[PDB]
Each structure stands twice: as structure tokens, then as C-alpha cells.
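2 protein chains.
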Amino acid sequence: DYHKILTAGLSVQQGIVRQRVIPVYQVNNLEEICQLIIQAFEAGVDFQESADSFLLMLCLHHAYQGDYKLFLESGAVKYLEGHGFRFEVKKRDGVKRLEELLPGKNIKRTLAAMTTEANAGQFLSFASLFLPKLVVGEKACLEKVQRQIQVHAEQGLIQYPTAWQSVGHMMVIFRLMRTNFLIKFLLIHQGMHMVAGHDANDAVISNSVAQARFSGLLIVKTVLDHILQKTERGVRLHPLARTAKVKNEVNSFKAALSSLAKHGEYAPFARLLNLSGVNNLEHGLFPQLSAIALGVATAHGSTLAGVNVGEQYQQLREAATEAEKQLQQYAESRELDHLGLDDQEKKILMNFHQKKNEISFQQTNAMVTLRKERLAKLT
Amino acid sequence: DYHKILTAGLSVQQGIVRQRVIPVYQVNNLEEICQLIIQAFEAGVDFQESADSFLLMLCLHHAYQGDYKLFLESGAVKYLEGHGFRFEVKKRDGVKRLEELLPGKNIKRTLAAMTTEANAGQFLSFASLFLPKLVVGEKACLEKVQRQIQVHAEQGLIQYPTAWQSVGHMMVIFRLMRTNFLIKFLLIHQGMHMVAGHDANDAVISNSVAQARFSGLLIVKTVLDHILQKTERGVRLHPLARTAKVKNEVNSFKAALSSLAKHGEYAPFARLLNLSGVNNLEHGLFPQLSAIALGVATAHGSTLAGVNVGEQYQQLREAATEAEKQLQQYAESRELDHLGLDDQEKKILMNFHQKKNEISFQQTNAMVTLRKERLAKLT
RNA sequence: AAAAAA
RNA sequence: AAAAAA
RNA sequence: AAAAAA
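Chains L and B are the protein sequences, given in the same order.
When the letters of the first sequence are read in order and numbered with the UniProt record's numbering, they come out as residues 20 to 122, 127 to 137, 142 to 406.
When the letters of the second sequence are read in order and numbered with the UniProt record's numbering, they come out as residues 20 to 122, 127 to 137, 142 to 406.
If you're looking for bench data, these hints aren't it; they were derived computationally from the structure.
Hints should not be assumed to be uniformly reliable.
What the hints assert, rightly or not - Covered by chain B, according to a simulated footprint, are these stretches of chain L (three or more residues, beta-carbon under 8 Å):
hint: 1; segment: 30 to 39
hint: 2; segment: 87 to 96
hint: 3; segment: 275 to 287
hint: 4; segment: 351 to 361
hint: 5; segment: 373 to 382
Every residue gets a Cβ at the ideal spot worked out from N, C-alpha and C, and that includes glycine.
Use the sequences and the hints to build the structure in full.
Laid out in C-alpha cells, this is it:
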């Protein structure tokens, strides 16, 4: 077989090619340490390589109330150990300053050159607000965070310190979330696994994690929801994508999904967690499938019209959207003649469909207009 | 299978990813402690993380009269332990002040800086009045509480202290109910499990819990009562939702229900208890199904017309409501011709249906008018 | 999350 | 060796 | 990477 070469570098056996040792500090005054960590973050301290330990202590305190034995027996740890993480407990008790935990001289002087209004749960749940759209850029991410804060306030669920709502603070949090794997992983793991018993902060994390599913992986939804159509007999390929020119992108896409599947329950977060195989799902690798799948999906989702694509894709996208709207009006019209609708009943449904389509069309246009206005504002 | 990725993060094995240790204080003067707790709540004291212990003592006193052995063998405890709760008994007897139970310096000073008219049963039953509409916002919740108090007074069932009817007090209670899982859980558990022997306070809790079923989960009633129609042969899909455009939302909805089902008897309270999987039932995930299911349901329930939806949904909702009213008039008219109604009997039923529909139409309009007036008042 | 429920 | 790929 | 989601 001569085509196997094309997939040779896509699928490898799991093993460990890296080692990452994280100090786990075991102190009696865990709450005091957590308060110092929050203050250091409010002050804009970059803990660099030591950040994993400080973020871990906030997580350990929040999730296990200092129970280090359970923390290190958790599913999160067992998962991480299989990827080269090593957790070592260091009993550096009696600590009054974070500079006494640090093994990086720049961190030590930043901390040397130093009461807050928050606990670890609030710090972590605030950080989790950045998971949806984390991978869409800092502008989009910050707007999403602001929108969620306003909702949580309206819910009466949680109120964050006003200092944290400043841009300068949110950018510190954004950078920690973009560069620190462990904090993203732990927030996702807890949000996706707690069953009952959530505190206000856990409700926030759980909701934020749910909103991050497939964030940055729209191609996995537009292709699987509209191009590859699963039915009782198998998977049908949508007519606008049955062209030989794009069928190869469809099969290449299936190969990419086959590699993402190795991550199980974390696969929906592959773009946030930079999981292996996510690079096989880039839009540039599937230029016809990307424009077509989004274009047909846009004919159904009136809000999907707000999604931007590059210039290469915009014209094909519109061609696919218009073709899908026409294909569906035909399909809706013929489906009624296979139903036991007599005449009078059928006519009611016809008027419903016409109204439904007009309402959607108007909604779609409104979103297109906003997309253009947003680009004009960025320009 | 390539569509399995879409559900990968929705269903996980139950296990414990958190530990929450709750001190259970064992004192001889349990009634005196309960009175101190009520006074602290009347004073607006925020017990933060210790709130679980104080709320637990009020519950333990009310439900078991101080029998700690039975309390800790209860179904409520066995359930909670499976989610990481740990209950430890601390024999801190001889206590005169709550500051002597507390392990949080802000709580200690608030209590340091300090006779009431109520018992634990009243405190707990008052708090339970906030369960219906707890998740609809503080305005709606407070109005519901006021309406229930007036009813209970008319019933001659229970009279609450006038101080508790102030807004400032009700907001303390609202915040405890919004953020403390354990109190919501315990009120629901008792309300849903007592069979006979209810005191005035238990009658109030039981009624308040019954009214909280599916509070915040209207989508689970409008879809299951009107879109997915169970009959002897299986489940039929309502004509206004047989469009391919929404059939995917219907199947996605079934997947969400499949995850809520893991909670058994507590599933109807998933929005109040923030139970895992409830985030798969959000209206934004099912925009056509949400507007249509509510719209058709509104054609049957004249009071359902008072429910607000966002602007995205309002036009589709009305289109579905009008289509359903027309579909039903046709259905009612034809059904009579399949019944042994001769002529004279059939005509009586026809006039009945016409009157019934006119009465409902007028009632629906009245509710629509109120919905608009309420929005105008909020504006 | 948004309506009714002695 | 020659192009595209958040 | 780009939209919506109490």
C-alpha cells in the first residue's frame, strides 16, 4: 500500500517523552498560603515555572480542603502522571511568604517587593470564565468573561471583587490560562466530573467548562452535524459535499477525528488543552470542507452567521449557504406530501414553514450585518 | 463511528473529585445553639464555609430532635457521602456563643459584635418557601415567598415573625439558599420522603418542595408534554417539530435527558441543585425546539402565555402557537366524526368546544397583556 | 432562569 | 526544494 | 481560533 505514508506521522503509540516535576507544598497554613498566592496574582506576579505549584495549591485547597492524600490519588493526577507529570510533596511548613516556597531570581525579587477580598474558590472560578473563547484571542475572551460576570451577578450566584474586573487584572488571568496547562486541565476535570454537591464556585466552573466544549473546534460540529449525516443505515454525505474535489477532504477529516478520539472525554477540549491530533483539524487543511460545512450550517443556525472566515472561504461559504437554503425549501415542501396531512392540516404546516423561514432569514441578515460592523470596528 | 466525539464529554463515570468535611457539633444544649443560629441569621451573619454546620444543626434538631446517630445513618447522609461529603462529630459541649463552635476571623468578629421569636422548624420552613423560583432571580423568588406566606396564613397553618417578612431578611435567606447546596438538598430530601406525620412546618416544606419540581427546567415539560408524545406504540414527534432543521435538536435533547436520568428522584430539581448534566438542557442549545415547544404548549396552557423568552425566540414561539391552535381546531372537529355521537349529541359537543376555545383564547390574551406590562414595569 | 399552582 | 495552513 | 448559549 502506497498511501499509508500519508498517515505515517499521524498516529503514534502513547508513551512519555517529557518529565515535569511539580512540587506540592505541604504546609499547615494552607489558607494563608492561598491568600498570598491570590495577592501575588492581583499584583501581577509571573511565577513562571513555579506557577504549577501555586495554582495546584489553590486547586488542592479548594477541591480537597488540604487533603493531599486524596488529591494525589485523584483521577486528575492519575491522568497527568501518564503524560510525564510527577508530583512530589515538600513539607516546607512554617511559611509566611511565598518567596520561602520558591526553589527564578526575578520571581523572588518581585515577591520580595511586596489583605485581599477573595478565596481560592473565587480565584479558580474567575479563571474558569476564560475557558470559553480562550482560544479565540484576548479580545473575545475578555468580552465573554465580562458577559458571564454580569450573568452570575443577575443569578445571585457569585460576586467577584471589582478589582478583578479591570482589564489589567483580566489580562494576567488570560495569560495564566493561555500558558499554564495544569490549571486548564484541573478546572476542566473538576467541571466535567462533579456529579452533585456543587458550591457557588463549582456551579460557575461547571457551567464555564460546559461552554468550552468544542471551543475552537467548530469544524467538528459543522462537519458532523451537517455534512456527515448519521442515520439508521450509516452515514450519508451531504449533496454539496459529494463532489470528488472535496470527498478527499472528508476522508482526511475522518482520519483527523480518528486521532482526536484517543483522548476520550477530553477530546472536546483539544483546542484548549493543545491535545495531540488537534493540528489535523485546522481549517487550512480542509479549505472546501471548511467553507461548505460552515456555509450549510449557517443556513440552519441563524447565529452561526456571525462567524468569521478568511477571504479564501467567504465566497464558497455563501455559495453553500444559498444552495442549502434552496435545497431545504424543496425538501420541506416535498416532505409534507409523504405525511397523513389531508389538505387543511397540510396548509397550516405550509404557512408555519414559510413564517419560520422568514423569521430565520431576517435573523441571519441581522447577524451578517453585525459581523460586518464588528470587522469595521476592528479595522 | 465519528459522531461519538460529540457526546464524549457528556457522560462520565461517577466518582469523587472533591472532599467536603462538615463538622457536626454535638452539644447538650442543642436548642440553645439553634436559637443562637437563628438570631445570627436575623442579624445578617454570613457564616461562609461554616454555614454548612450551622444549617445542619438546625436540620438535625428539627428532623431528629438531636439524635445524631440516626441523622448520620439517614438516606440524606448516605447520598451526600457518595459525592465527597464527610460528616465528623465534634463534642464541643458547654457552648454559650456561636463563636465557640467556629474553627474566618470576619465571622468571629461579626458574632462577637452581638431573644428571638422562632424555632428551627420555622426557620427551615421559611427557607423552603424560596425553593420554587429560586433559580428565576431574587425578584421573582421574593414575590413567590410573599404569596406563599399569605396563603399559609389563610390556611391557619403557620405564622412567621413579621421581621422575616422584611426584604432585608428575605435577601439573607435568598443568598443562603442560592449558595448553600446542603440546605437545599436537605429541605428537598425531607419534603420528598416523609410519608405521614407532618407537623405544620413539614407540611410547608413538603408543599414548597412539590412546587419546586422542574423549577428552572420548563424545557423538560414543554418538550415531553407536547413535542415528544408517548402513546401505546412508542413516541410520536409533533408535526411542527418534524422539520429536519429541528430533528437534530430533538435528538440532542433526548441525549441531555439521558444524562439527567442518572439522578433518579432528584432529577426534577437539577436546576436548583446544579446537578451534573443540567447544562445540557439550556435553551440556547436548542433554539428551535425551545421556541416551538413553548409555543405549542402555550396553545394549551393559558397561563403559560405569561412565560418570557428572549427576542430570538419570541417570533418563532408565536408562529408555533398559532399553528398549534389551528391544528387543534382541525383535530377536534374531525375527532367527533369518529365517535358514536349521532347528530344531536355531536352538536352539543361542538358548541362546548367552541365555548372552551373562546374562554381559553381570552385567558391567553389576558396573560400576554400582563407579560408585556411586567416587562414595561421592569424597564 | 423567566407562567400558573391551599 | 519552490503553494497554502491559530 | 473567529457565532450563539442563567
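Review point. Are three or more residues of the segment 275 to 287 of chain L within 8 Å, CB to CB, of chain B?
Key: As far as the segment 275 to 287 of chain L goes, the hint holds, because 4 residues have Cβ atoms under 8 Å from chain B.
Review point. Given as covered by chain B, does the segment 87 to 96 of chain L meet the bar of three residues or more with CB within less than 8 Å?
Key: holds (count 4)
Check your understanding: Under a C-beta cut-off of less than 8 Å, do 3 or more residues of the segment 351 to 361 of chain L approach chain B closely enough to confirm the stated coverage?
Key -> holds (count 3)
Review point. Do at least three Cβ atoms from the segment 30 to 39 of chain L come closer than 8 Å to Cβ atoms of chain B?
Key: As far as the segment 30 to 39 of chain L goes, the hint is violated, because 0 residues have Cβ atoms under 8 Å from chain B.
Practice item. Check, residue by residue, whether the segment 373 to 382 of chain L contains three or more positions whose beta-carbon lies closer than 8 Å to a beta-carbon of chain B, and give the verdict. Key: holds (count 6)
Violated hint for the displayed structure: number 1, the only one.
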